[PDB]
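What follows is one chain in structure tokens, specifically the form deposited in one PDB entry.
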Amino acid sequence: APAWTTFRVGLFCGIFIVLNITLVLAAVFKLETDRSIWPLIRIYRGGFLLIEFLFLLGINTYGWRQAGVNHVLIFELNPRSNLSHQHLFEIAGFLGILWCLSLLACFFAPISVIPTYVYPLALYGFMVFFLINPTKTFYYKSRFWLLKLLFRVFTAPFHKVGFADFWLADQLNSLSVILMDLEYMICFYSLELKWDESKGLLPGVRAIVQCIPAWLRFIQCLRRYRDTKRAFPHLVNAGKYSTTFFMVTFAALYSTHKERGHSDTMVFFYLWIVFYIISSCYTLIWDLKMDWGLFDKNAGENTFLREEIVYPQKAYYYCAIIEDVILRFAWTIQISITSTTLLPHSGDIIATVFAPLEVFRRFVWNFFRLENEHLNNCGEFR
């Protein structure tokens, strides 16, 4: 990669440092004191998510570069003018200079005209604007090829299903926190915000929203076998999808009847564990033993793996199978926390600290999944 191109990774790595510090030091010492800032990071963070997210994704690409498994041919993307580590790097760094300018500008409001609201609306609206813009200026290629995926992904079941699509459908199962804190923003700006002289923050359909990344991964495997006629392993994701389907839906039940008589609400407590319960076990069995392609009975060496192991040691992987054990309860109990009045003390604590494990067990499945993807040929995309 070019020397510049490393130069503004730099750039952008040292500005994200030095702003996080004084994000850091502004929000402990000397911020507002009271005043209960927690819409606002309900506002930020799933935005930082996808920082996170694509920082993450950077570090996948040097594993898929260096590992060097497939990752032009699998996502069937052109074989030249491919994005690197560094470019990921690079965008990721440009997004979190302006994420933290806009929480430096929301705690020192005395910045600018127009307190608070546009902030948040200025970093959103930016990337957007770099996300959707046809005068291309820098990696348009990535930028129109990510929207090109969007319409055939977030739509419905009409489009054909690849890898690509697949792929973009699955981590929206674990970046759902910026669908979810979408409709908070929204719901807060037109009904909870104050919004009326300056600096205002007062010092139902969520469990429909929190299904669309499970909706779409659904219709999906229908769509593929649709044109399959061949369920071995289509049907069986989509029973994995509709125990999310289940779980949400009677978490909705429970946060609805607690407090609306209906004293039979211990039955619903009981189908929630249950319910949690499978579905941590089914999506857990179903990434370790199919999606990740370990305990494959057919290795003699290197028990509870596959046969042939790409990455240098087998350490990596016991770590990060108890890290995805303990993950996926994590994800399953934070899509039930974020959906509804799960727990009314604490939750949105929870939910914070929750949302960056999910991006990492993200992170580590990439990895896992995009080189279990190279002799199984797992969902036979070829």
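Numbering follows the first chain given and starts at 1. For the two forms, the rigid core is made up of the largest set of C-alpha atoms that agree within 1.5 Å on superposition. First, how it differs from the form deposited in another entry.
For the residues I132, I186, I111, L235, superposed on the rigid core between the two forms, a C-alpha shift of 2 angstroms or more shows up only at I111. Here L31 counts as shifted, since its C-alpha moves by at least 2 Å between the two forms after the core is aligned. Relative to the superposed rigid core, the position of the CA of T338 differs between the two forms by 2 Å or more. Residue displacement note: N376 has its CA displaced by at least 2 Å between the two forms (rigid core superposed).
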Second form
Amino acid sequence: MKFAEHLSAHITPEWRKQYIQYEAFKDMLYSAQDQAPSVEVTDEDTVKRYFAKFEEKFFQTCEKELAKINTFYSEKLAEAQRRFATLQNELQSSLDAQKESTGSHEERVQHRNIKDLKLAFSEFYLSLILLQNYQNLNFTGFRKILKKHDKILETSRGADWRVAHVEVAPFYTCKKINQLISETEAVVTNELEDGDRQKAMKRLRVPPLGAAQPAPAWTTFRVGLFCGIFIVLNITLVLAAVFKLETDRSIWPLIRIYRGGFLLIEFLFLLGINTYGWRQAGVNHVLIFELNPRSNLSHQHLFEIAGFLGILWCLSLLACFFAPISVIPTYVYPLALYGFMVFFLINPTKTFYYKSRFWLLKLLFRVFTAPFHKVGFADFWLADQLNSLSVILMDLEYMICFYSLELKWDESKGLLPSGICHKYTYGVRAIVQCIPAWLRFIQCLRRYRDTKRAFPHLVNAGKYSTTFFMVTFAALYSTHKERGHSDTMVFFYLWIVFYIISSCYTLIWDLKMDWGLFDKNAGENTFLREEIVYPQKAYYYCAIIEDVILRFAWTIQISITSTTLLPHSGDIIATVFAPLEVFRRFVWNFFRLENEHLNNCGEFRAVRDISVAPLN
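We have the form deposited in one PDB entry; now please give the form deposited in another entry.
FYI, this one's just the chain on its own, none of its partners or other molecules.
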């Protein structure tokens, strides 16, 4: 297990088909050696005529692979040649503009131009480094496979073939890449950094990338520590709940308060697994989300954060069950928990994942002001997640109402004991249901405005608009049934029609457009698409089935929450179906990102394009 794993781990995914096929050659050689077509006694033709036809096919395949590698390298080299000239031309103009001006507003745009140029040069350097690594890996693969050939068949043809063709091949000989690498860093050192090579090389240097670097031991230790503490606290919580809770005490406000924290911690834990799967399968989420290719979080850090927050959630709930303090009222523990969560998110000090938190804060500001910002992939993705995390918004609204009105502060234990805050009487609940759908609807309309293409942005707008009709008719039915009016039946039929319409119209879009399945050119992969990234095929069928089932369950949860069913039945339904929506989104993320990535392949794009701004 030396080079097959190494080659599999060190390949740039977008060019996966352009590398040498090490596994194919090995298999061919093994099969041939295994099936030695020997003959009775000794036959010259049997043992030497077979070893005069396999080698020719082997060398024909080798020539084909070498030609493919040469063509790809030449094309990428030409592209780099053109890009360097473009960047050089762009860099001349800023200098030309300033010096003349010298011998506020323009200053800030000039600073922005400097930053944009410094980012574009870094991306160019990264592309050059990737091409160099491509050359090195391909040569190593040829050498090792030819040595294995000469070992297996006990002949010296491969050693001479390597010298005759591979060492003469242009991709091995051409030396323009090193000159480009030297020129780029010289220009960055002189023109931008004012002669300081150390700062420029700190910016330009590339560490190991992809799935080729393990996280530090002190992170794995902390992940395990937090997981163990969380497990033991859960066991103790269940035992205390079974053996200490009274029959008369009402637990429903407590459940409605802690549901949101449970959902958040679960969400983070599942997102960690999503990141692990994306990293392992070869899906480049760093390029899609436009993160820094040299500094970004792994799955260990997300596991670390989820466990740390779970410990605090468990401690707060456990202190609410018991009473470790004889003077502090029992209704300040959820307040402390959520205040600490908020302060952890918005900590201004440069500690505890400050870059990640600031990136997320900027993203959240961009999402909640939808019409006035250009829409990227991250904004779409985050608004989709918020579409499934609306039970948290309901829990927050209910907590605010309960603490404002229905809570008796006079009682020593008033956190656990009417009905005003858990119904849609004033209509706030209907609005808080429709906020995230409204954000996605506005984003789709803005995208149509920018692109000026009717399909498929207006179709998304309608898909998100159906929720408004469904919720409106549910609310009308519920408010007419309780007051005893004669129009209950018409609203019932309208609600069921719009329920089925919404469920079908979201499910079809999920299966056909978001995931890109059921393609005409499926071929052997029945009901799937032509190219698939994840290894097993049972994953796709299981995902289709669970999505079909869980799309019907999700719509009923939203309809039921607005005083539809009897309060007792409704509470048990919402609590159980809430985690299943987060599970459905967790499953959806895999294939949405895979379908997005498969577009990058076939265009062979490995680095994000940066467009420097022009002051003049």
